[PDB]
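Visitor: Please build the complete structure, drawing on both the sequences and the hints.
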Amino acid sequence: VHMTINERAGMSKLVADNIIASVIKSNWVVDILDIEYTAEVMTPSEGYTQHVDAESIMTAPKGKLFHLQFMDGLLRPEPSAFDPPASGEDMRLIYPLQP
Amino acid sequence: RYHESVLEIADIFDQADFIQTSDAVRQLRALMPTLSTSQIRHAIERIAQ
Amino acid sequence: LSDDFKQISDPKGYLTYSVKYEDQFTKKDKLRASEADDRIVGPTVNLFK
Amino acid sequence: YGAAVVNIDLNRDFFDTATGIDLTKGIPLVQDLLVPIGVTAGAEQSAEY
Amino acid sequence: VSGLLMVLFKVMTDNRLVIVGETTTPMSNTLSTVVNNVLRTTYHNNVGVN
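The listed protein sequences correspond, in order, to chains U, W, D, L and F. Each residue of the first sequence is one higher than the one before, counting from 1137 in the authors' numbering. Each residue of the second sequence is one higher than the one before, counting from 940 in the authors' numbering. Each residue of the third sequence is one higher than the one before, counting from 150 in the authors' numbering. Each residue of the fourth sequence is one higher than the one before, counting from 199 in the authors' numbering. Each residue of the fifth sequence is one higher than the one before, counting from 248 in the authors' numbering.
Mixed in with the good hints, there may be bad ones.
To be verified - DEER-style ranges, computed between Cβ atoms:
#1 W:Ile951 to U:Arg1212: 24 to 30 Å
#2 D:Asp153 to U:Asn1142: 48 to 54 Å
#3 U:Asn1142 to L:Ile206: 28 to 34 Å
#4 W:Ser944 to U:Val1165: 49 to 55 Å
#5 F:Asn284 to U:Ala1222: 48 to 54 Å
Claimed, not checked - Per the computed footprint, the stretches of chain W lying under chain L, defined by three or more beta-carbons under 8 Å from a beta-carbon of chain L, are:
#6 968-976
#7 982-988
Claimed, not checked - Below are the DSS-like pairs computed for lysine-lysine, each with C-alpha atoms no more than 27 Å apart in a straight line:
#8 D:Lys177 to D:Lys155
#9 D:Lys198 to D:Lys177
#10 D:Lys176 to F:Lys257
#11 D:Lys176 to U:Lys1149
#12 D:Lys155 to D:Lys179
#13 D:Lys161 to F:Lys257
Calculated from the structure, these hints are not laboratory results. For every residue, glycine included, the Cβ atom is placed at its ideal position computed from N, Cα and C.
Guide: See below:
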């Protein structure tokens, strides 16, 4: 399901968490047009200084400016040939809708 | 089947002396929240501040 | 010449809703939304919780 | 060499805090122009932009 | 019966004359559109219930 959410207001904490789990367990794509935010674009060597729960994205007040951060992983050098293999997988949830 | 769009007054008026602005400011007012007269007085008093 | 009028500010009605809740399903906790929408919608959602 | 990105921002040195303008978040933001009346404005309002 | 009488009396003698009270005027963008269609610029702070 490509679910679009125009208005987060009124939404139950239960339905919000349930939609998020649907995004994870059932591969839902959830566009949420109601967030205004100001991206900072981090370099790979400065990491992600700010961490954000899905819970905060789902219950952000309608008028407030959120402050998302985003990586530019272009300047990230190749792994050494003998770095141990990564059995786990790095994941991601939030993405921009526009450039 | 209509296409709504802004039209500069300058594109329909050859008298340049009476055309001080452009599409930009309307595009700016689109961002602006609908304003109570009390809120307008508050903006003016603040800019004056 | 006449004290005809008492001058209240935020008037009370002759009627109101009054509500009995079934405590077994009621969550005691106050409902909350975005602060503005709670400043309006808020007293209501608590009464019809 | 090794410059990860070269952005073009508003010159914060020009658009000073004398003009009421923070620019630290990447956009201009002024504290008390377009504001609700009868209540405190709240932090990080988008209207500030 | 008498109760009703006093109710009526208190209604006949309600000479209240409303003056605008504390009244907030929210910036519109903070309200969910479902409230915006209802809101008419400025409500009283003592919103009441509906």
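Visitor: Indicate, hint by hint, whether the structure satisfies it.
Guide: Consistency of the hints with the structure:
1. W:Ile951 to U:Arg1212: 24 to 30 Å: violated (54 Å)
2. D:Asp153 to U:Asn1142: 48 to 54 Å: Cβ of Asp153 of chain D to Cβ of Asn1142 of chain U: about 52 Å, so the range 48 to 54 Å holds.
3. U:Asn1142 to L:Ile206: 28 to 34 Å: Holds - the Cβ-Cβ distance for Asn1142 of chain U and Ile206 of chain L, about 33 Å, lies within 28 to 34 Å.
4. W:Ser944 to U:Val1165: 49 to 55 Å: violated (31 Å)
5. F:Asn284 to U:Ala1222: 48 to 54 Å: Given about 51 Å between the Cβ atoms, the range holds.
6. 968-976: As far as the segment 968-976 of chain W goes, the hint holds, because 5 residues have Cβ atoms under 8 Å from chain L.
7. 982-988: Holds: 3 residues of the segment 982-988 of chain W have a Cβ under 8 Å from chain L.
8. D:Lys177 to D:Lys155: Answer violated: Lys177 of chain D to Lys155 of chain D is near 39 Å, above 27 Å.
9. D:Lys198 to D:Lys177: With Cα atoms ~9 Å apart, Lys198 of chain D and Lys177 of chain D stay inside 27 Å; holds.
10. D:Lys176 to F:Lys257: violated (38 Å)
11. D:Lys176 to U:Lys1149: It holds: about 14 Å lies between the C-alpha atoms, which stays within 27 Å.
12. D:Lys155 to D:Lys179: violated (36 Å)
13. D:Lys161 to F:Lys257: holds (13 Å)
Checked against the numbered hints above, the structure breaks hints 1, 4, 8, 10 and 12 and satisfies the rest.
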